[PDB]
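Engineer: The primary structure of each chain is shown beneath.
Protein chains: 2
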Amino acid sequence: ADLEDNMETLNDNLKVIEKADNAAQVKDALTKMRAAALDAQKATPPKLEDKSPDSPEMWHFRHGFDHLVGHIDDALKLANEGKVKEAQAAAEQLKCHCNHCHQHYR
Amino acid sequence: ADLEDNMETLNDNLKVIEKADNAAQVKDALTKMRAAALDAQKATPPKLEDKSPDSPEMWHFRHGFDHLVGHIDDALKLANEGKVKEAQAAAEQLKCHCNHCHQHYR
Ligand code: HEC
Ligand code: HEC
Ligand code: NI
Ligand code: NI
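In the order they appear, the protein sequences are chains C and A. Using the authors' numbering, the first residue of the first sequence is number 1, and each one after it goes up by one. Using the authors' numbering, the first residue of the second sequence is number 1, and each one after it goes up by one.
FYI, nobody ran anything at the bench for these hints, they're computed from the structure. Note that CB positions come from ideal geometry on N, CA and C, so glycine has one too. Careful, some of the hints might be misleading.
Claimed, not checked - If you anchor each label on the Cβ, the simulated ranges turn out as follows:
no., chain 1, residue 1, chain 2, residue 2, range
1, A, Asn99, C, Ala35, 41 to 49 Å
2, A, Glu4, C, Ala35, 38 to 46 Å
3, A, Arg106, C, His102, 20 to 28 Å
4, A, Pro46, C, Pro46, 42 to 50 Å
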């Protein structure tokens with residue numbers, strides 16, 4: 001899968017969590033988001049195609065996925081503890097991670 | 001200044017920027033936010049007193065302020081270009097940083 005695919009997965013599944021018709025859909029969507037974020041961390045965004053892997057722009061891009069994965073894991077822990085409403089509230093706060101990275105690099 | 005006064009400065013100046021309609025107003029408010037964030041960048045929240053300076057929790061707290069200052073700096077550059085509406089949109093996006101740190105450490 002490519003970066004565009006990963007971003008579609010992130011977008012669809014964030015919306016799944018918001019509209020989840022049952023509690024179990026939340027964990028499943030978070031699981032897919034986690035994998036998409038780790039896959040996207042290994043891509044080069046078009047606006048950074050000139051930059052080397054050691055460039056500060058690429059460093060911040062990769063770090064954004066690490067941080068998103070950490071907050072996905074926090075929400076997964078809540079869901080796995082049965083605190084699914086808390087997990088859904090935590091998932092809503094993931095949008096700020098999308099917005100921040102996009103501000104820089106989308 | 002203390003943490004609570006620094007936080008009040010950030011809180012009030014976000015609204016100053018939203019209320020503004022010219023580049024000088026936005027620049028002046030962003031400059032005040034920058035000074036507040038810096039004054040608190042080296043401090044320690046109550047819930048982290050018993051933590052090493054290099055602990056993961058302290059490191060994430062400090063990265064919170066460093067990253068907020070970076071995005072204030074980016075919004076300042078927009079104001080300095082006369083890009084009032086873009087600077088205001090960047091300022092509104094700062095709220096993600098506020099809520100992210102609070103949810104971890106408030
Ligand atoms: C960087 C660390 C990112 C994070 C976190 C998220 N996204 Fe992203 N996104 C990023 C880039 C660099 C791009 C541009 C990709 C390109 O090839 O142009 C995008 C793009 C999107 C898109 C549009 C995809 C397309 O087909 O053009 C969507 C729908 C999208 N991103 C969604 C999305 C969501 C919902 C995120 C949070 C859960 C998210 N992204 C995180 C970089 C980064
Ligand atoms: C961590 C890196 C933070 C960032 C970024 C922001 N804030 Fe914050 N805030 C933080 C702490 C640890 C605290 C509590 C301090 C304590 O000793 O309890 C706060 C508190 C506030 C408050 C309430 C003030 C009070 O006296 O309780 C407000 C109104 C506030 N913070 C606003 C605010 C805004 C608008 C921010 C972004 C622009 C922001 N904070 C960032 C830690 C951190
Ligand atoms: Ni975090
Ligand atoms: Ni950033």
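Engineer: Given the hint of 20 to 28 Å, is the C-beta distance from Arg106 of chain A to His102 of chain C inside that range or not?
Structural biologist: 26 Å, holds
Engineer: Is it true that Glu4 of chain A and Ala35 of chain C lie within 38 to 46 Å of each other by Cβ?
Structural biologist: Given range 38 to 46 Å: holds, Cβ gap about 41 Å.
Engineer: With 41 to 49 Å as the target window, see if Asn99 of chain A and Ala35 of chain C comply at their CB atoms.
Structural biologist: This hint is violated: roughly 26 Å between Cβ atoms.
Engineer: With 42 to 50 Å as the target window, see if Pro46 of chain A and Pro46 of chain C comply at their CB atoms.
Structural biologist: 44 Å, holds
Going through the hint list in order, the structure does not satisfy hint 1, though it satisfies all others.
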